[PDB]
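Form deposited in one PDB entry, single chain, as C-alpha cells, below.
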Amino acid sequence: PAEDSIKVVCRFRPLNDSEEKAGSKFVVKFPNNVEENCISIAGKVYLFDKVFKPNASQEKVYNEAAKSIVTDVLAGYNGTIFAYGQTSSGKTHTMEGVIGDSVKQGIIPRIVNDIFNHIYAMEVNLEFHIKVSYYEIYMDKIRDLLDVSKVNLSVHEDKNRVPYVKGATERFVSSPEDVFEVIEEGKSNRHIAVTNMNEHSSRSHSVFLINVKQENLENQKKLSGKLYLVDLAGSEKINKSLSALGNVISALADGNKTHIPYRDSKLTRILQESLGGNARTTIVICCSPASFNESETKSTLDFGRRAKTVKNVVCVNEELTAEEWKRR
C-alpha cells in the first residue's frame, strides 16, 4: 500500500581499453523478451527492476531509474538514489556524467533541470523553497564541500525525528544555474588537501542533498521531500561504511533481527530512512562486463539482489499550519 520495494537497477558499461589489453572477455548476457529486466552471468540469471546494457544512454538510464523521483519529491515524498559498484564500474558517470554535455550528463543534472522544468509548468499557485547540501564522507568523517572550515561534522537526529548532518551548509537555490554553481563550488573544494582525486574519490562517498519544501498558497498545505543523490566509495576488497551498508541490507533482507545496525557508520545513519524507512529508494548497481572483474561483478549483483527484497514504508510528508490546529 504505502509499502515500497527498494528498486534496484543494474548498469553494465562497455569493456574498456585496460580490460581488452589484459585479454578480458565479455562474460555477461541479457535475455530478451523479458522487459530488459534480466542479466545472466556464468549460467545464473538475476532479476532487477531494469537492466541497462553497455550501449544504454544517460537519458535512458534517467528515464527509467530516476525520473519518477522528481515527480515524487514534488508531491512530498522523500527520494534517494545511490550508485554502488567497484571502482571504475561507472558510478560517477551514472550519478554525475559530464555536466553541460547534452548527451553525457548523468542523473543529478537531469534531476536538477527537471525539478525546475516541472515547477515552471505547474499551474497551481505554489511556493517552493529549495536548498542543497553537498558533503563528503571519508573514513567515517564528514567534510562539508561548501564550507572548508566545517570538517568533522556530526550526525544528529531532529524533533520528529529524522537524522541530519549538523552544521552542514544549506544553500538556497532558485534556478538550475544556482544549483550547478553550487555543484562546481563543491567539486572544486573537494580538491583541497587531496593529492590525487581519482584515488581519493574512489575511497570516499559523495553526498548531494536537495531539500524541497512547498507551500500551497490556496489551501495552506505544506509538503516537503528530501532527495539524496549519492556516489559511494568503491565496493571492492572493503570500505568500513560499505561493510555497514551490506550488514544493514542483510539485516533488513533477513528481516529477522530486532537490531538493524544503522549506527555502524555515519553513511548508514544518514541513509537510515532510505534503507527500510520513509523514502522511495533506487540503487543503481554499476558493473564491468569483463571476465577479469567477474568475481567483483558477482558480489555487486548479489548485493543488489539482497537489497531488492527490502521494503520501505513511505508517506507524503505533510505539515499542518494553524487553521487545522487553530480550530481545535
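Definition used throughout: the rigid core is the maximal C-alpha set that superposes within 1.5 Å between two forms. Residue numbers count along the first chain shown, from 1. What changes on going to the form deposited in another entry:
- Remark: with the core as the superposition reference, the CA shift of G100 between the two forms stays below 2 Å.
- Residue displacement note: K257 has its CA displaced by at least 2 Å between the two forms (rigid core superposed).
- Relative to the superposed core, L320 shifts its CA atom by 2 Å or more between the two forms.
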Given for the second form:
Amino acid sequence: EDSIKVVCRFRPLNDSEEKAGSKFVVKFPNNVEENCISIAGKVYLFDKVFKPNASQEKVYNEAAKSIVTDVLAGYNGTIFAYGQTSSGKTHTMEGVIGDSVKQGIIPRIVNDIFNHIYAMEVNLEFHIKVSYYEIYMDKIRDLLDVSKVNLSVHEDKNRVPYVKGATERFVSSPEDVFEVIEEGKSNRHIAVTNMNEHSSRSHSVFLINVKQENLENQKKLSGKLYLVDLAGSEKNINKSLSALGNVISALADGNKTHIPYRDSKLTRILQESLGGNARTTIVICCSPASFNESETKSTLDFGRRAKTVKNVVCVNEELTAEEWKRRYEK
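Next, report the structure of the form deposited in another entry; the form deposited in one PDB entry has already been given.
We keep it simple here and write out only the one chain, dropping partners and molecules.
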C-alpha cells in the first residue's frame, strides 16, 4: 500500500549552456503543494519539485524523509538518482563530502543514521555492514576489493536478490563509513582511462546493511538501505536502463507477475526496490536548458511512470523455523 516516491530536481543553467545559447525553459506552477513542472506543453506532478536554488539540506529533508527511521525499524529503503549525464545525479547523491552545506544525500544519511542510534533508548546491539560496488556493461566490480570483478547475483533463503562474494565491511562510526567511500572512490579509477566517461556509463551502488539485535527480546531486525547513482539515462541508450524502464512498465496497474527483473543485473539488485519489499524514492534530475528538452522530457516520462508503482512493505523480522511455525496459527 506504499507508492514509490518520486521527486524532481532541476539544476541551475550552467556555462556550456548560456554560452552555447540555451534558454531556461522550465516553469513551476504553484502551490502550495510545490510539486509541479511545465516544459514545452507537457505538465507533470510528483511528490516534490525542487527548483535550481533548492539546497542539499532541503532536498535531503524530503527525499530521505523516514528512511533512516524506517531502516532502524527494520524496513528496507532505497534512494536512487536517475537522469542524463551532467543533470546532477552525483551532486545529489554525493555532493561534496566534508562540506557541511554542499554535501549530498549519502553523507547526510550516514551522519543521520548514527545520531539516531545514539539518541535511541532501549539497549540494542547494531551490526552494520556496508558494500560499495559498480555495475558497468552489466558486469559487477567490487570497489572494496578489485580482484572480485564480474561478480554474480543469486537469490537467498527468502529469495531476495543479493550480490554474492562482495566485500561487506563492518563500521561503527561515520568516520568508518567515509573511509570506506574514499577507498571505493579510488579503486573505481583502477584501469579507468576517462573517469568522466566511465562513471557516466556505470552504476555506483552503495549499500548499508543494518542489523539490530534487542539484547532482551532476543528480537532480530534487519534493513537493507540502498543508495544508487545510475549511469546516465541519455540516448537506444544504456541497456540496464531499458531494463529499468521495462520493469517499471511491467508493474503498471496490477501487476506482480511476469516482471523482467532478470533482464539485467541492476534490476535484479533493485528487485525489492521496485515492486517488492522496500520504500523507494527516486530522484530524477534534469537540466533546465532548451537544448536538453527531449532528454528532460523522457526523464520526466520515466518519472511519470514510476510514480504510479506501489510496494509491498513490511518489517524484516528474523525468526527461527520453530517460531515462524507457531506465528502461523488461528
